[PDB]
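Number of protein chains: 2
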Amino acid sequence: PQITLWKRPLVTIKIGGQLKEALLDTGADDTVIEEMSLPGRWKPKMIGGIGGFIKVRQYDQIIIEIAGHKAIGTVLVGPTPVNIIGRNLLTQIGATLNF
Amino acid sequence: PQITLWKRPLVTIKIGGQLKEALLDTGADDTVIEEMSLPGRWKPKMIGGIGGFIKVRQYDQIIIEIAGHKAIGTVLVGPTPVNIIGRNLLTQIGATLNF
Ligand SMILES: CC(C)c1nc(CN(C)C(=O)N[C@H](C(=O)N[C@@H](Cc2ccccc2)C[C@H](O)[C@H](Cc2ccccc2)NC(=O)OCc2cncs2)C(C)C)cs1
Ligand code: NA
Ligand code: NA
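Each protein sequence line maps, in turn, to chains A and B. According to the deposited numbering, the residues represented by the first sequence are 1 to 99, in order. According to the deposited numbering, the residues represented by the second sequence are 1 to 99, in order.
FYI, nobody ran anything at the bench for these hints, they're computed from the structure. It cannot be assumed that every hint is accurate.
Which copy? The list can't say, so a pair holds if one copy fits it or any two copies do.
Derived DSSO-like pairs: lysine-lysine, alpha-carbon spacing no greater than 27 angstroms straight-line [stated by the list, open to error]:
no., residue 1, residue 2
1, 7, 45
2, 70, 7
3, 45, 14
4, 43, 70
5, 55, 14
Work out the full structure, taking the sequences as your base and the hints as a guide.
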């Protein structure tokens, strides 16, 4: 598919047995998901955005479907106002930026 | 070009006649450049993301070249951690996401 950028590039994702909306974000190294009760072990992490750092929980080998494309990798869970799909997962679904 | 996402999608920009490196960022509504001297009039604004808000200088109708492509639009200047080209200018250069 092709997604234009006139509006936020939001797609449906499936994670943890739940459907959510998330932003395909070429400017994010990592994938940040809103607070959700994922099972199993995690590692504390802090990640930085434009206004400073927040605390998140790092979960590895998490299965996530992005716009119908299966992916598996690390997901950072914490208090974000928007779910962000970063390059660690965008590469797995073969996403490019084109102009 | 077609840009893949195994590395950050950094390109060279020209702004105010000066070369800089910036990130092509589909998860950003706006374009935010590090503190610099820039010709044009500006007004104070705040912009937010992960971590909260920062104070910036809003410059409208600024000429910028992004990887060799021309855009003319709003540039926010302030203490961003990285130079970000957001959707307001990615649309101008005809960028899309594809997978
Ligand atoms: C839900 C609602 C609040 C929203 N508002 C928006 C519109 N807004 C404010 C933004 O687009 N704001 C932008 C932004 O930070 N976007 C973000 C998504 C977001 C949006 C709103 C609230 C929280 C996160 C998404 C952006 O790709 C930023 C860009 C960035 C890159 C490196 C360093 C600093 C920043 N990426 C990150 O947040 O993580 C970046 C990581 C840091 N180092 C490597 S990757 C820019 C202005 C920079 C979208 S959703
Ligand atoms: Na959708
Ligand atoms: Na860095």
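Now the hints, each set against the structure:
In this assembly of identical chains, residue 7 and residue 45 lie within 27 angstroms of each other by CA distance solely across copies; the values are 21 angstroms between and 30 angstroms within a copy. Taking identical chains as interchangeable, the C-alpha atoms of residue 70 and residue 7 lie at most 27 angstroms apart whether they share a chain (24 angstroms) or sit on different chains (20 angstroms). Taking the closest pair of Cα atoms, residue 45 and residue 14 come within 27 angstroms of each other only inside a single copy of the chain (23 angstroms); across copies the shortest separation is 35 angstroms, beyond that limit. For a Cα distance limit of 27 angstroms, the shortest separation of residue 43 from residue 70 inside one copy, 24 angstroms, qualifies, whereas the shortest one across copies, 44 angstroms, does not.
Proximity of residue 55 and residue 14 under a CA criterion of 27 angstroms is satisfied intra-copy only: 23 angstroms inside one chain copy versus 35 angstroms between copies.
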